[PDB]
Amino acid sequence: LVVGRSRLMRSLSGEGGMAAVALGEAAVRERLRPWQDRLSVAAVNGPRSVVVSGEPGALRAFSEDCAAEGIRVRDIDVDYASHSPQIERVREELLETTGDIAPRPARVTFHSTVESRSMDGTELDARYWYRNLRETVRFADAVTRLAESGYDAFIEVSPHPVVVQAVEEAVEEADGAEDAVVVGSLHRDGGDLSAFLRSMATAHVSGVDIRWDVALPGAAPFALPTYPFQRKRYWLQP
Amino acid sequence: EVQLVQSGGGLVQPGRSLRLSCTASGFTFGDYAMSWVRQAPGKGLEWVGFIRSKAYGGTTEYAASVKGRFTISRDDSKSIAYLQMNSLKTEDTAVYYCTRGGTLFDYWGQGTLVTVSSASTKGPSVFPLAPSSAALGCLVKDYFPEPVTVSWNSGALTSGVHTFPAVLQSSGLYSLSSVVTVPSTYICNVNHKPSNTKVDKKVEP
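The listed protein sequences correspond, in order, to chains A and B. Per my numbering: the first sequence = residues 240 to 477. Per my numbering: the second sequence = residues -15 to 189.
There's no promise every hint is true.
As the list claims (entries may be wrong) - Here are a few chain B residues that face chain A, going by a calculated C-beta distance under 8 Å:
{"no.": "1", "residue": "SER138"}
{"no.": "2", "residue": "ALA140"}
{"no.": "3", "residue": "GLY144"}
Derived from the structure by calculation, the hints contain no laboratory data. Just so it is clear, CB atoms sit at the ideal spot from N, CA and C, and this is done for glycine as well.
Kindly produce the complete structure, drawing on both the sequences and the hints.
Now the structure itself:
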């Protein structure tokens, strides 16, 4: 999947781009509806942040057009323009590269972001990954209505956390718990084991149970002092 | 308790030799006599021979059908029991147990399953089974060697499946059937690993 999608999207790269805007939901739909570079949004990180992808001409026109009437747009450096009608006319190569998959049952509840529902392990095929590639991903809705299902540990697995803001500003407004913890794995200014251990400890001090014997595979237990009690004087007359 | 460790199974050609090996841990091997018991399908246990420990001689005794065909040796310094078979026949595809003691068969080892075969490896031929009597299945026929794995709906349907052991026919190739039951789309996936084939056959409901 990874390599085939990679060099099938290599062919259409160099042609079209992406820009992040934060102005409104159906607001931005109305803004570029006077254009027909796009059929549906690309992604929805939060209730107030959206990404607009497509051909360079319309994207430049919208960036310079809204540059004077709202929140500044950040052009993401993407060689191509995914989640756009640009995908359609190149389906067939994809189908003939990944039409040989065997979907196995999933142990854990893989919660989809393109079908907005809990999928099963046997429903993953060539159109499933196309559909993923073509239309929206509903990430903010998925994280919000996963927070309502009783999940309170959104541990991210990435070399650099870029969606912590959206995750917190999405879980903030849901009718669940507020102290749900969100931690990354590695940051820009470190890739050693110390940073990973600090992220693990940050996740641990909020409820997550961490087994610490793996990081010390060559030590023996020491003799440690006992619990320091805090005492007052309780004394009824004897 | 004490552990008897056994090895030496595999594929054999009818008419050649093969030697087993059984080591003992936890007790002195130089004081016990050792007996050998073969186990083949369609029959019960069968004593095939026994050897005497040292300080009582080194006499060996065998069965009527194997006297002059098999031999049993031992080494008490390195403490193994060996069974050496010459001119094997196709009816001796069996699992061999080594038993401590000449008459009181006190202990029984885990055993090794060694088989003499005249046929070569062969991919299976899966045929659908149309109900003409609800139940439906597929037949795996003319394959070699064991084992094979059968699955329904890529591991989704696991209830009502009735696989059967592959009974050796008179030819020398294996054939079993897998039938599920459903009241009233339906495919069975048969995987033969040592020949690396995976067939997905649909069965008419």
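**Message:** Tell me the hint numbers this structure goes against, listed in increasing order.
**Reply:** Of the numbered hints given earlier, the structure breaks just one, which is hint 3.
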